[PDB]
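This document starts with one chain, in the form deposited without pyridoxal-5'-phosphate, laid out as structure tokens.
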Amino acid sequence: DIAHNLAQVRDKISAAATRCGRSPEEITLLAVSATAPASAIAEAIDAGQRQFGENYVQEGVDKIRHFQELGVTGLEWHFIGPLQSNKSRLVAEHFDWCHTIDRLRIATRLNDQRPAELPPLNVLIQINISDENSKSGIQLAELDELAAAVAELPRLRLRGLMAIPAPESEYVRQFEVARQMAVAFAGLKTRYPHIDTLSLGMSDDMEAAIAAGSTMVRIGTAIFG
């Protein structure tokens, strides 16, 4: 049952925040609805969930159009998969957030393809903080330069950072890696305006991510099976 699962995930988020002295409202639950059908998303919507993350552009755009045409208002769609230049226009035209900025060219394409009537597309710069098998995300040493370039794009809004750490079973390493991100996030927040989003943590490392300073957790399986 999707509604029961949302309540259970929101409980674990709330607990983890309270345990480390944070208000549960500091943590956004991003429901990863990739691979789940629109009908299941509609259950989640009926249970109050409003922010959904999609990994593939056409799947995501199809859901977005479906709920727009039902007249369901008030949703926030996050594109959280790797973005190819030949699918940027679809992201720029339909999504509210994109978590995977790791190249200036893709950010500029998104900016150019974003209709002017829409709010600026909220973007996070993706850091490859610890995963040698992934080619997604930049190194931290590239962050200052990329952030400065991205920040000038008027149809984008740089809101913070995202990372997908390498899989890790030890809580200690989960926390230390998440802290590296939180430190980078804090440093960015001092110089840049409206830095408020650290997209960090999934089901298996949710507690360490929240203890370290994440503002947004991405949960898929635990919600949609």
Given for the second form:
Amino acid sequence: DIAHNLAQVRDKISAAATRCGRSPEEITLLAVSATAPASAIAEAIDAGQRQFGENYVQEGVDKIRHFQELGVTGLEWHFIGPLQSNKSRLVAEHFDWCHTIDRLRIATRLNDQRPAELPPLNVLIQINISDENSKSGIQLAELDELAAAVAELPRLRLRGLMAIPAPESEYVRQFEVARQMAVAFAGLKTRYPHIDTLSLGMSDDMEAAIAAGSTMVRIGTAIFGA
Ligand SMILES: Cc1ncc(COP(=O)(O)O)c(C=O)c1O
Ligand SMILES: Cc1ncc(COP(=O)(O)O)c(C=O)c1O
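I've shown you the form deposited without pyridoxal-5'-phosphate. Could you give me the structure of the form deposited with pyridoxal-5'-phosphate bound?
Complete assembly follows, chain above in first position.
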């Protein structure tokens, strides 16, 4: 039951925030509905969920159009998969957030292909913080350059950072890696305007991500199953 899992996930989030002195409202739950059918999302929506994350463009754009013509309003769609240049038009036309900005060219395409009547696309720069087997995300030493360039684009809005750490089961390493992301985030937050989103943490490391300072956790299986 999706509505029951939603409530169970929000309990774990609220628990973890409270334990480390944070207000539960500081942590946005982003329900990762990738691979989940539109019927399952519609249940989630009925249980009050409004923020949904998708890994693949055409799957995501089809859900977006579905709930639009149903006249369902007030949703927020986040593209959280790797973004190919040949699919950026659809992200720039249909999504509200994109978490995977890791090269300036792809961000300039999104800015150019973004219709003017829409609000700027909120974007996070993705950091490869600890995953040597991943080609996704920049190194921290490139952050200031990429952030400055991306910050300039008028149809985008730089909101913060995202990382998918390498899989880790030792809580100590989970926390140390997320702290590195929280430190970079704080550093960016001082100089850049409207930096308010650290997209970090999934079910396996949710506690350490929240204790380290994440503002948004990405939960998929624990909501929709597989
Ligand atoms: C294995 C795989 N999955 C998904 C995609 C992209 O999915 P979508 O067409 O929904 O954007 C690609 C792109 O070719 C792919 O190679
Ligand atoms: C970004 C992301 N978070 C989470 C999951 C799985 O959800 P859970 O956090 O419960 O492991 C997946 C895929 O289903 C995912 O792609």
